[PDB]
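What follows is one chain in structure tokens, specifically the form solved without the ligand.
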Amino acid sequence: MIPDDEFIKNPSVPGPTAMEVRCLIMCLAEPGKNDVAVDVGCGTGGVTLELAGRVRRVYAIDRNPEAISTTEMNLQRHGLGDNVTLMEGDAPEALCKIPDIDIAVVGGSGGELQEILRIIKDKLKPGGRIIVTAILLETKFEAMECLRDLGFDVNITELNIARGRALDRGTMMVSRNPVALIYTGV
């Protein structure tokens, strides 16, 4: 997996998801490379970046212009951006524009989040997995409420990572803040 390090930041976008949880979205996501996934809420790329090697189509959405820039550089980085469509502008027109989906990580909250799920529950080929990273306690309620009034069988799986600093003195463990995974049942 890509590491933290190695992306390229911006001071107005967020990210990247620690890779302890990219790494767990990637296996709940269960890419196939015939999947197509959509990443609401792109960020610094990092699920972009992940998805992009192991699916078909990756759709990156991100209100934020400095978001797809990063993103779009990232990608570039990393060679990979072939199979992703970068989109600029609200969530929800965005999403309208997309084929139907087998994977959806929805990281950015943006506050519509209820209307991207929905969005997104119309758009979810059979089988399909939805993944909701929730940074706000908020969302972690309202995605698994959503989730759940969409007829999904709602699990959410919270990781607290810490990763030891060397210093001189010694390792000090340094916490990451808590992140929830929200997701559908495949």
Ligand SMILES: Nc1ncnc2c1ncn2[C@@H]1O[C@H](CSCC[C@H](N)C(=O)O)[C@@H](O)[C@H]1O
Contents of the next structure:
4 protein chains.
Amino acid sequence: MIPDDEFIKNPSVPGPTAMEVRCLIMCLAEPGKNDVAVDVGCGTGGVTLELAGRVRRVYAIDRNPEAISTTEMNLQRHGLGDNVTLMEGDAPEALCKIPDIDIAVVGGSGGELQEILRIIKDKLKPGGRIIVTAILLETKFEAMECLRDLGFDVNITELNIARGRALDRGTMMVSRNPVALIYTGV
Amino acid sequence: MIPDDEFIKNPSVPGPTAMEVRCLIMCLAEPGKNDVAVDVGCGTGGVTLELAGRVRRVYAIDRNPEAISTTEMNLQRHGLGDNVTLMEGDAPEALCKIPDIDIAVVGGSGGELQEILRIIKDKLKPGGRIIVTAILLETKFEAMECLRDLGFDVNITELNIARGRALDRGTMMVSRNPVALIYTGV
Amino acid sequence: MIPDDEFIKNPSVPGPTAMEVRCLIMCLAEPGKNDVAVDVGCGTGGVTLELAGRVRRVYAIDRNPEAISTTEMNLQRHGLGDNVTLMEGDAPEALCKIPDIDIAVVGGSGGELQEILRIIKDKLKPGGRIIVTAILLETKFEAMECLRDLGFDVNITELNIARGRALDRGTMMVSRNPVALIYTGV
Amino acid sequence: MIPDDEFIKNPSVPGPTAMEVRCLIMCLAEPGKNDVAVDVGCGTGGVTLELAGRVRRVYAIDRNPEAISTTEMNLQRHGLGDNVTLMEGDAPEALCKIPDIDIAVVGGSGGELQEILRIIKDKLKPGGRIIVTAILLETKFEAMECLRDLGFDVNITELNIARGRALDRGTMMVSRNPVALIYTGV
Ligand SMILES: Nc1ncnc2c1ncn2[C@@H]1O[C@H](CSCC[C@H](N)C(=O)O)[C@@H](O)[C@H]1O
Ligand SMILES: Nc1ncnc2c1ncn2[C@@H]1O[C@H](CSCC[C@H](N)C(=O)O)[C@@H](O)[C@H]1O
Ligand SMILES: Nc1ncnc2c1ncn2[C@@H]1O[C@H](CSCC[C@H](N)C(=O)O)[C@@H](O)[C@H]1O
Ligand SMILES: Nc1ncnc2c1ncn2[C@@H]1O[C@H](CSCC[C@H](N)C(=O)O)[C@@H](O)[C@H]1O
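Swap state to the form solved in complex with the ligand from the form solved without the ligand:
Up next: the whole complex, starting with the chain shown before.
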């Protein structure tokens, strides 16, 4: 993995997603060199950069032009990005312009989760995987329900991570806010 | 329990200890109206205030004179403090001046945990309880090994707490750093 | 707090609720000697026993006759139960037969959470507290929306508890399933 | 990742290590096709199988003849194993017979952690990575002190994982015991 500290960040754009979470997203996604992936709400680019180096084509979407700008910087810096199509704009409309996908990671929904998912279902190639990253309690509930209603077998794993911070004398355990991963299939 | 946001802070002083943790500290301590308690490293006063309203006499110790002033402000602010003896100074010398104790909560050791624990065993009335609050990995190990070496039946419980926060479009789970409670048999 | 291992379990009855959770429930409930409390879904009696020794009258409700029997057994074993009115039956019908309450703990809803909460609100005395114990993701969401819709100031805390256990001459950390407490402003 | 439920368990051999933990071990290990790895205490084979399909040669060690049998069995069922050298015996003895390593995962130490680590240092190729999986509190402390003492830049990450399970028409969260990963520098 590309460590979190190698991500240039713009304080107005969240991310990158916790390395341990991005690691699990990749395990769940099972990126293949012939896969076409979409990262809805690319933010700082934490998920996009990892997908960039493992799949054929990645479509990174974001409402915020700054997120688009920051994701491109991190890509440029890590020598990735020539197989990444950046798309500024609201997800539903952006999603309609791309081809079918093998992998769909929803890093942000902005109130349009349900709409985003329905669309993703219609574009998901057979054997495709959907992974929704949820920090809001509502999102965890809505992602679960949405995917079930669309006919998927849904699973949810919540991660509570703590890392050692050498805080002058000992190692203090500093926790990261919990993040849940709602993912489809069996 | 006095909510955490009703504690007057001071930048140099850590605390108050997470309400959920203070709650468990009290459950493990089993405060009695005829108990004499000592709060080693009172900090902001989170543990001292709770003990104040439940036991006969509380001895609150701290190296930081600002921890002493902040604990006083909080004691006065909540109408408590007439059964609290504040003691500024390093714990080992401060501990030697107090009578025997029924309850001992170690909220901070500053490198002298082992010494602090030994003195505490010497002043512990029968049936007394010792509870060490540990945020450093090293402290969790030492508190366990030390209390066992002093002949106590030891236990440890770690709490990972997450609370909700109305975040910009919903409810975000904001985790608190993990805190372990190393305690001796009652 | 009455230790978890001092509770007799029945195969068809869940519980007792984790001591650390019961501890927090009590901190949030702030039991007073003149309080009238209701424990919806008493199960094994974990919450009922604690309330029994702190309030004036407790109304313990449960669908399962085996739960009513176990809660009754555990009270007797602990010399409690004279201020406890056991009520077998579905929560809504039973809730309508009791007087107004100062404290309401919902330990189980069985699909009728919303109904149970509406009824509790209609019977809550001024300054009363409601605490819902949620292990199901749906319940955490449902309790939050419902309490707000009923005009309450809602809060949620999710505890992840780990307890040390002897293993290989060392100490292994054993986790308990996470439990969330959804409670209203006091 | 090879799903957890796709490993055959022997009742006397622990494992496989939680998929989410094995996922992170791989992220931290950064397996390369020309890497030589050693899995100290292979148990059920959770770490060995993952390394098998990513590196050049893997040396899987275990005291338990049954652990060696379970690992070979799981290797065979997944069509792996031709690049895995199984070694029954105590780790230090076994570690001395293998060539230098790029990756070292310590899945079990059995009281000889310090010795095992000192030896791993003596055979670690430049740019090599060491990752110790710790479930015992003592091991977390020990791994840190030892690795610091051997001159490494040490880090610790503690994972608390919860997975949803269908219960009473809802989804309850089921936690796994916490596991810490103590790993070395660049
Ligand atoms: N409906 C929508 N359409 C497009 N982008 C959206 C959106 N709702 C939210 N977003 C974007 O969702 C992103 C979530 S932050 C994502 C961080 C990223 N996973 C990382 O690892 O760096 C934000 O940049 C936000 O603007
Ligand atoms: N050896 C020692 N003697 C006295 N005070 C000490 C000490 N080691 C640490 N401390 C004190 O330990 C405290 C830890 S912060 C404690 C916060 C408190 N439990 C609350 O709930 O508000 C600090 O104020 C620090 O100065
Ligand atoms: N609508 C309802 N009416 C009555 N009891 C209900 C109910 N829905 C669920 N329950 C009961 O809710 C209980 C939840 S288990 C509660 C365990 C208890 N808190 C303890 O500490 O021991 C079960 O015994 C179940 O039958
Ligand atoms: N000194 C030692 N030498 C060799 N094996 C050892 C050892 N100390 C402990 N072990 C082994 O350590 C293993 C730990 S269990 C490992 C499970 C494995 N990580 C999985 O994912 O399946 C056991 O099989 C045990 O016998």
